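Here's a solo chain for you in structure tokens, the form deposited in one PDB entry.
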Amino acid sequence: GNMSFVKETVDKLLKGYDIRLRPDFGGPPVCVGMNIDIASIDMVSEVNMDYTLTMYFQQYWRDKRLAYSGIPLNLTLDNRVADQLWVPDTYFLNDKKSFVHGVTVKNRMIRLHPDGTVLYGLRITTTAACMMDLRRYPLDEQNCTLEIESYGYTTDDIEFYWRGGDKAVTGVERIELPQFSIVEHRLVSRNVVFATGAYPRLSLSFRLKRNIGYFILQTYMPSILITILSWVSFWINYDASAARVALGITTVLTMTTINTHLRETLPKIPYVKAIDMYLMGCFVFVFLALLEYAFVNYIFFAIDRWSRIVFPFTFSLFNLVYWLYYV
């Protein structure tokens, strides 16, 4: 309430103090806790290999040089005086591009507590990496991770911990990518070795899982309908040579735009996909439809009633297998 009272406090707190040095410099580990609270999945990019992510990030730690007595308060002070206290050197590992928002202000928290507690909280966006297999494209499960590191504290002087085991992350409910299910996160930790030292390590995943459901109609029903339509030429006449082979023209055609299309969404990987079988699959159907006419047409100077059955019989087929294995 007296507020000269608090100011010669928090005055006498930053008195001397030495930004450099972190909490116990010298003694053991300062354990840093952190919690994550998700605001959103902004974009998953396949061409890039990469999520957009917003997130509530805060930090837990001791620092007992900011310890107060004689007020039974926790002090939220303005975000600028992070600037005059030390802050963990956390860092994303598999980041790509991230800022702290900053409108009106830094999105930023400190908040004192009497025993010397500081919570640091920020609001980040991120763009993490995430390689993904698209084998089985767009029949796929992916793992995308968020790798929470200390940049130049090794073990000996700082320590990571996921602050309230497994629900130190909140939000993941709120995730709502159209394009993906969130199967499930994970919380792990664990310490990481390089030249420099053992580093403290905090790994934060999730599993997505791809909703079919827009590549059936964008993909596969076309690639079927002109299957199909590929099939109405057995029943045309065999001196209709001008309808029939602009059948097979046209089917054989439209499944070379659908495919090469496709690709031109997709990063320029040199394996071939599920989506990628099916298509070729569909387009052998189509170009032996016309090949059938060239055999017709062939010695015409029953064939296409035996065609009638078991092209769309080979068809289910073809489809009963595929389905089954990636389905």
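Positions refer to the first chain, counted from 1. We call the rigid core the largest set of C-alpha positions that still match within 1.5 Å between the two forms. First, how it differs from the form deposited in another entry.
- Superposing the two forms on their core leaves just one of 240, 183, 212, 188 with a Cα displacement of at least 2 Å between the two forms, namely 240.
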The other form holds:
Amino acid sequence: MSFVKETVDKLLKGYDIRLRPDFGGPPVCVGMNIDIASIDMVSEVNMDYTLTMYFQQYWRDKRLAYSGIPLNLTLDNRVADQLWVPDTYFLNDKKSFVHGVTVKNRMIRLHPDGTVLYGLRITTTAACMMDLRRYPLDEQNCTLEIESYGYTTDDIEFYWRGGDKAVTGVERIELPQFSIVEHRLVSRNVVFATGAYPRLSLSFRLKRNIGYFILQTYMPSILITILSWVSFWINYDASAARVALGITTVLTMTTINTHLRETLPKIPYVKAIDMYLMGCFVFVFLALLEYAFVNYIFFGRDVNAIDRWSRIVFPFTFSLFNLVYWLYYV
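Next, give the form deposited in another entry, keeping in mind that what was shown is the form deposited in one PDB entry.
Coming up is the bare chain, nothing alongside it.
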């Protein structure tokens, strides 16, 4: 152990963390690969998702070349504070941390040719602007932006180490509400007035699972709307029966609508689900108004015709509304 101990002390002695590898020479190429552990949460209210991953950085530093040891030195995580590491950050990251139990979840692995592998276990909440107009039939594209903070492409370059295979573990992701449809790796240079800055982007496309809203939201609303049509098959003189049915469906629809507002998130603008609930509320509102016109045109002043035509138009117009709705959203 003494030989390796003196080997390591040799490396750090005279090391300058303030200078990048190949300082003043060609830019240092840093390869990156990510092993995704999980996407714990995806919140529409905050418009962000929580991601756990193993974030690996891979580059070459000639100052760390060691000879005589035919092994790849896996060192304690505390040695990472004494080496140079890239100033990588996540552009859209709202809050993040490195796990610290039992020790800090950090890894440093050296190789004889001076190649450094640097891994971190990170949980990060990354900002994801979402277009929830088609919610719950929406498809989201949430990204992770990787950039250098204070270096340009004259000093540091980024690439996905392994091409399109640089990211693995996507099949491990188990989101109850979404399914990972696709993921992409993008490497690009961002040019500002101050220069060009390396950029890596990891993006996922999420498709929301609709089955819950079919059973929980759409089917009850469809069944209540159908139930409101039972009025059309009752006698015009059954005022107590037809008003109680019509007004209680309105109350039932409001109960469904108002209480659904509580289980569903606080997204304060019109979405696809809002338009369907508002569509069904108008239909049940009109069914109650339909009997009032029948009741008034009889006692205040044909009658069988209005009920006959309502028995067809209301189911037909609701089917047409659904056809226009699902085509415009599916």
